[PDB]
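We have chain B already, so just place chains B' and A with the ligands on it with the hints.
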Amino acid sequence: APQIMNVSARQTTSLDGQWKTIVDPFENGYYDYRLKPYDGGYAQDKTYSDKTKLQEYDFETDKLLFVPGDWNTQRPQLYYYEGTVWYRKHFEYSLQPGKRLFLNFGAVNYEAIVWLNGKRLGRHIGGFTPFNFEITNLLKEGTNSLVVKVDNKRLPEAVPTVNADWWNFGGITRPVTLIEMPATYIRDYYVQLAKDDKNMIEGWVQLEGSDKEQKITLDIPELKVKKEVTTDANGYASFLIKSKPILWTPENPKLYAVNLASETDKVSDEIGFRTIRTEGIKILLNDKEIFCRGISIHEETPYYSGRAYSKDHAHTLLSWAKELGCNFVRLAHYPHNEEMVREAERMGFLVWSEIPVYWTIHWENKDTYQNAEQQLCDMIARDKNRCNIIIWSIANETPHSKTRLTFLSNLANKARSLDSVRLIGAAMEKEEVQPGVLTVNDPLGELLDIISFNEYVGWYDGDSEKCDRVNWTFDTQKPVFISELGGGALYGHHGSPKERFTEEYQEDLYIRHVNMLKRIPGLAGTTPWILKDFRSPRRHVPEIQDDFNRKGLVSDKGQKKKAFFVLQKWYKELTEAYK
Amino acid sequence: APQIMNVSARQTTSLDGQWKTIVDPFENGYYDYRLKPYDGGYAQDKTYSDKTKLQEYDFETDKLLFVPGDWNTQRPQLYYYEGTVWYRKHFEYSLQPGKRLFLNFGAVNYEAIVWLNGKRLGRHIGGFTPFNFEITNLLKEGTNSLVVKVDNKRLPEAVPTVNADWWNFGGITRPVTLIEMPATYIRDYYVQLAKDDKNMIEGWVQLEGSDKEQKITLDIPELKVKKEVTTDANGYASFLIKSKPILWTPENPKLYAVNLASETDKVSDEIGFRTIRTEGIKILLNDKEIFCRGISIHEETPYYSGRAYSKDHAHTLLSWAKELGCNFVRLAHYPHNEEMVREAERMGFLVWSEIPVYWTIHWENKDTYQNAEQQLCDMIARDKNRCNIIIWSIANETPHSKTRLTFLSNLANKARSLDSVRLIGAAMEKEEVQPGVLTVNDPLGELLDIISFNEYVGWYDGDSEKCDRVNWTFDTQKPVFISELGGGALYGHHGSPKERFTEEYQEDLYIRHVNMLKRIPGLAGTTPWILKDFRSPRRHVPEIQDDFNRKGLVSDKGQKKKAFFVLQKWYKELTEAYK
Amino acid sequence: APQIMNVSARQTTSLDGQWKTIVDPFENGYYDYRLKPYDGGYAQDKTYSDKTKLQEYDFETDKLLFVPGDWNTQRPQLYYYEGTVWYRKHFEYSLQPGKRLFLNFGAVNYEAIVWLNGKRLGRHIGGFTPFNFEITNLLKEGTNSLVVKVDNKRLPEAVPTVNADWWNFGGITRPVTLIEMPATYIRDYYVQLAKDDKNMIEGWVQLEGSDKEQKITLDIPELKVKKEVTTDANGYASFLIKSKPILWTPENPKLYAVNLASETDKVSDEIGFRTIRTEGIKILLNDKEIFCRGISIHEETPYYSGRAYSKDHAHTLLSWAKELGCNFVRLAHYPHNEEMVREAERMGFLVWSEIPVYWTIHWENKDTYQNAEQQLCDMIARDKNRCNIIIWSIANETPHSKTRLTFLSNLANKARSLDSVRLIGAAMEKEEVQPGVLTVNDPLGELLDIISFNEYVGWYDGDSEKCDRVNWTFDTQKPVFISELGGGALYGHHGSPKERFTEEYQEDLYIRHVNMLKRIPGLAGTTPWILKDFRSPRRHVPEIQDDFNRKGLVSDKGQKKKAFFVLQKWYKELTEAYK
Ligand SMILES: [Cl-]
Ligand SMILES: [Cl-]
Ligand SMILES: [Cl-]
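Protein chains in written order, with PDB author numbering: chain B, 25 to 603; chain B', 25 to 603; chain A, 25 to 603. A prime marks a further copy of an entry chain.
Treat the hints as calculated values from the structure; they're not laboratory data.
Among the hints, erroneous ones may be present.
Copies of the same chain look alike in the list, so a pair counts if it works inside one copy or between any two.
As the list claims (entries may be wrong) - Dumping the calculated DSS-like pairs for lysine-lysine here, alpha-carbon to alpha-carbon at most 30 Å:
#1 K113 <-> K586
#2 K44 <-> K75
#3 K251 <-> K222
#4 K236 <-> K584
#5 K490 <-> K60
#6 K490 <-> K542
#7 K335 <-> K584
#8 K290 <-> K251
#9 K75 <-> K164
#10 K306 <-> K268
#11 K77 <-> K60
#12 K335 <-> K593
#13 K222 <-> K250
#14 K603 <-> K312
#15 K87 <-> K522
#16 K87 <-> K177
#17 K593 <-> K77
#18 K164 <-> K584
#19 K346 <-> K335
#20 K581 <-> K335
#21 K593 <-> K123
#22 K44 <-> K522
#23 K584 <-> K113
#24 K268 <-> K239
#25 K222 <-> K596
#26 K44 <-> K87
#27 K390 <-> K177
#28 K603 <-> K70
In isolation and in its complexed conformation, chain B is listed as follows:
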């Protein structure tokens, strides 16, 4: 089924909790010993109560896993696990005749195949985007059986591919929700300021069901807006509304109550309004020049470092970014859960939103492209009304090649065709064209609204001293945005500022690096890497990394490292300077 907008404001019933599970690395529940699909696999969820017959599994007496969640932090045996885990849930639901029922997954990494009562609903790939199935006519009276086959095996042709710098978190990682709808319902809608127009609200609305021609009212009571339209034979209607809304900023993240009521459905939202554009090397929010005082963040929890999903997780992480002095967060390297985006929206954080087109994607594979573009479409479709998002990012650290350029230009064009307002970015990389002279020479830059790139001078490229003896130049007059920078340190590990992975080295790096940043012309944003130490299978120094990337300014246990205050101090200066 197509995406449902604003799931949280619908008639929802959670299916979360603890589910029955079967770890199945050889996919015995799907394939027989000839490696063929067979009838009687684990999707049938047959309780093994008659022991005069033979079967090889029993959900009813197997172990549990929490849903939502990565499986990796739930059992020692699952820490590295890559492969199939079956999940099973029994539920009852009383669906009044004529109402519709949808099963919504916030995210499953990586491939999900879903059955209800032994009937296959469908299949999804892409670990960070939501998907749903209509189950209106498949629900039975009494106990219903939902089985989900989850597989997180790394595949060469997948998005992302077989190599990345974060943990391969498998499982049903975001909430599972039943959504009851009327027979014809408001499925999707868009309400935002028109491009560069502080005074014009535009949008549209899309109905789904057999009664597609209806009157619809868009209601913004605080703005005394009440616009009525009628949908066409395809259930669609658009609108233009002149209005002077108070404009959302990080300092005053104003949101308006927005109500949509058609004849057969109604839904409420919280939507803010703002204009965003570039002008030369300036980033203009509501026509005012801003600096993006940012920090990068992975979708991983404080303290126990599982996959984040809740408002609790988001608020804690963003409260650290608040203390750091940020007005901006880079959510890397994939769409985060919706609670993170919404909490950024209400607390006052501009957002960079990204799909995992990351490192050595298979640029020549047409299935790979369709998967990436599908993830692009789903990312924008979910969050198109989140006014704090100002940058869509289509790639991170991808090698230069002709097929790669073609691949990403198609993505950039698709992004613009879907959203004319927000800026298009991508984490490019730097080059030292001559000793001491750093720049970004990437043909991808021509398709981007900003010169966005990662650089690690003083960590990967030289010792801290090298920050002091380089300068930057750019051959185009677009805002410069450094989307990653920094260095590693273990909290509580102290020593000389020359000794790597001590807090003192990271502090000294941040001092010299900030001084370098202050010499860069056109610099309009920084999202250093990273807010919190996070899990990566590429970080193997014992007692220092222990499978964590240690470039947090905050430890995984919520402790602010020395370098945190260096960046906080610079962000205080930028706050005053951009007043």
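Just chains B' and A with the ligands now, with coordinates in the frame of chain B:
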């Protein structure tokens, strides 16, 4: 380097113990973020003592694993682990100038890449066959660094492929041995009775080194044999020796001390002599009709169910087969460690020896074929002097197809070209051509000396009662050998004989099944599945299987199930009847 | 209630396998929140079927543990666990009226409380001695429930007390066995040579039940012995038999089939005959002077280092002792399972058998004395017919005090009153009375038949050099027996002979220490510490001990360290010298 015969009788120094290790699922130690090999990966074994520079690993402070051993039973985190683990060992060795030094791996599952002092020695695939490297000219004074990159990822094109019914045990699973040799050494030799000739010992010997033309003496003092030959320019010599040795049988497993002394090397062995052939439906050992009272055995330890490797493990397992009344063991589904074969040899067990050409091998892949044929050659080369081995098996439960038939016929022909004496087998499968009429209709049978097949009447095919109402017929007059049969049971789990996985069901099955076996014409051997419960990721019934195949007649904890005594009783009758 | 001789030869039914369990550190299933024993706790084994009522447990859906075994190696969470684990087993048994049924526990560490069908059978303390309950009248039709509350908390007043050098293995550590008896049955018997008499078999038989007065026949067919006696009203009869048995020896461990038959019961056994005495500083076996070429052994398995209990475990351990050249094993520091003693009996190992009166026992506590004495009686009663046992040991490394001497004197007197044949020992400790002069100055020695003591010159007491410079003297003329000596090494850890925990240090230590043993006047025995590395929570050197005592001559993975061959060589010389 080519195989070394009889490693245990050489000047050996063990490298076993506990080694430094790095779990590396994304192969960060081999590939950089562009997925390219890079200089400075983990093979350099650089101790991270200078922290003014950056690296991402440190063997010196990482965790240990035992060598030899699967990694799966050593850490909860490694239970399911499929991927790369790096192993590192530091050692010293004082090699007198002019002597040679070889590094011998008994087995590594699945792919091994080996470095010494940062220099790549080579690479091996195939998890159950030995391999060695000459390190004579790479050894340094003082500390030497040996790094082994072990990967057990399942590959479609591998042997075995992505599906099998036993645990994917990764690691350095058999001993690691340094072998010192003289500058020209006896590398390989063969000493066995000529085909069907109780009175003629034949063989050959192969030298390696710059002094290949030498006098060689074959010494069997108890037989008063002293035959002298000279090798040719390629270091090879053959021999024929008339003699009347006492012939090895299971009842009197007579072995002779055999000494080989060339001018530059000498090695001793323990070798027995016997003739084996078929005659119609009879299997003839030393011209006497025998029945193979067998049991199948995986290479997995009693009690803790790790990969077996020691004489302790072998003796315990074979002591159970002894108590069961066996004169024969089927070592499934791959070459076992040499201690198992030798202990079978000295205790009096005929042996079926197999390579893992198992289920859905990629018959059309020429690399797949070469791997299978290499494993075939290595299996025979290692154990060609073990007179208790009488069957080489080239496949198990492979689907019928033309490319499969071609693949296996090439294997069968290669086997015969290497060894004219032993019988060629393969686990075929049965078919019910008409209700109640069971047979084996497989074109592979024409290439085999026996009608060897697996059947599970009363477990997979019907309830126990079905054993009572079927009969078998075969359209050729070759000995019938049932290489698998039986059913599952949890030790200490009791109930009605109708209830599957109880001891009583397995007992009732074995009674009815044995009665069926007694009606089969031409039956000359049975190796029921299996001696000991063993680990399989296809066995998911909670509290009953718990990732174990439960078809043992002995539990994984050494407890004899009721059905053990049913088969023991039949084997007692067959012992008397074949006197 | 009383001990049953020779359980394995009775009509037995195993209850072993996998049992339901509840870990209960606060003993919630036994005490209420007023810390009062309550009724309706876990021993009722009430399946939680009716969820309209409240309870806080459910065996029926809880986790399994293997029975027999320690719990510590079965789950990571139970590695260090000290406290209560509840065990539950369901079974059926059909008992013809008139017959009796007993429940036999081979051992439970440390305290066991036992219920059948919700009714308390009794309680046991002492982790290494067997105990029985009669359940004849409490057996119900259908499902019977057996619940065992097992606690291994260390207690100051217990035997052993709150400190020892081995792992606190909790659980049902040896088999659980149902024993069917006739109404009047042969409970106990003794059949051994009279003291110092090669020709007189003496003994006695003890019946229990309502018809204790019966005719008894003792048959030893190979000796053509057939003796009839009639028991008295207490069920007792003694006998004296002239015979000329082949005397049991390590080199020829001759055992006889012994058959006892009453009017209503019969049992068979395998029993050997030997004499043993001291003569000044000599130990005489069958009048012949012997040296006890020993090795100490804990009751811990090869490879996985759990609690040993099976014939497999015993055979593997003793096969290392055989290869070492031993004729003697010290089973420390408590009664081992019967399989170990029987396998030593049949393979030809003299045995030292011990109770865990170890270190700082509470000598003034009368309950502590009764417990120690009960363990002494139980040890001797179970194994009084094992001719390979020649030393009972009453203590190990206990501090000198008046009350300690009284305590041990009472045990020595009790031992002698139960067994007038075997030697009484205890591991005393050495004293450096003058610099360079070592002796044993412990008044306990007057109560022992041998001067048995532990000494660690070259490990705890000096470096290896000290072995070269010290002299020993002894004031009495009793055989000197060194019951512990040696040092630690990790297999595969190599370095200078002066680097402790290398194989080379341990090898150098044994070379120098063996030389010292040659100049100890009166030395008649050595059982160095120890055969196999074993678990101890007092051994904390990371990557070297890792919670293992490393004084094995064999690693816990079955690998012979360099020092193994030093002791083996000396034992080969002792074998020739004592021919
Ligand atoms: Cl880092
Ligand atoms: Cl099974
Ligand atoms: Cl130690």
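To see whether the hints hold, each was checked on the structure:
no.	hint	result
1	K113 <-> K586	between (46 Å within a copy, 19 Å between copies)
2	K44 <-> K75	both (20 Å within a copy, 20 Å between copies)
3	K251 <-> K222	within (18 Å within a copy, 54 Å between copies)
4	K236 <-> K584	neither (54 Å within a copy, 36 Å between copies)
5	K490 <-> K60	between (58 Å within a copy, 27 Å between copies)
6	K490 <-> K542	within (15 Å within a copy, 70 Å between copies)
7	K335 <-> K584	both (22 Å within a copy, 13 Å between copies)
8	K290 <-> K251	within (14 Å within a copy, 62 Å between copies)
9	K75 <-> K164	both (26 Å within a copy, 25 Å between copies)
10	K306 <-> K268	within (24 Å within a copy, 51 Å between copies)
11	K77 <-> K60	within (22 Å within a copy, 47 Å between copies)
12	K335 <-> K593	both (28 Å within a copy, 22 Å between copies)
13	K222 <-> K250	within (18 Å within a copy, 51 Å between copies)
14	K603 <-> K312	within (10 Å within a copy, 45 Å between copies)
15	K87 <-> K522	between (49 Å within a copy, 26 Å between copies)
16	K87 <-> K177	both (22 Å within a copy, 26 Å between copies)
17	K593 <-> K77	between (70 Å within a copy, 28 Å between copies)
18	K164 <-> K584	between (53 Å within a copy, 27 Å between copies)
19	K346 <-> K335	both (16 Å within a copy, 14 Å between copies)
20	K581 <-> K335	both (18 Å within a copy, 12 Å between copies)
21	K593 <-> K123	between (56 Å within a copy, 28 Å between copies)
22	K44 <-> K522	between (51 Å within a copy, 24 Å between copies)
23	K584 <-> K113	between (41 Å within a copy, 19 Å between copies)
24	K268 <-> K239	within (25 Å within a copy, 60 Å between copies)
25	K222 <-> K596	within (29 Å within a copy, 40 Å between copies)
26	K44 <-> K87	both (6 Å within a copy, 15 Å between copies)
27	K390 <-> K177	both (20 Å within a copy, 27 Å between copies)
28	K603 <-> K70	neither (65 Å within a copy, 51 Å between copies)
The structure shown violates the earlier hints numbered 4 and 28.
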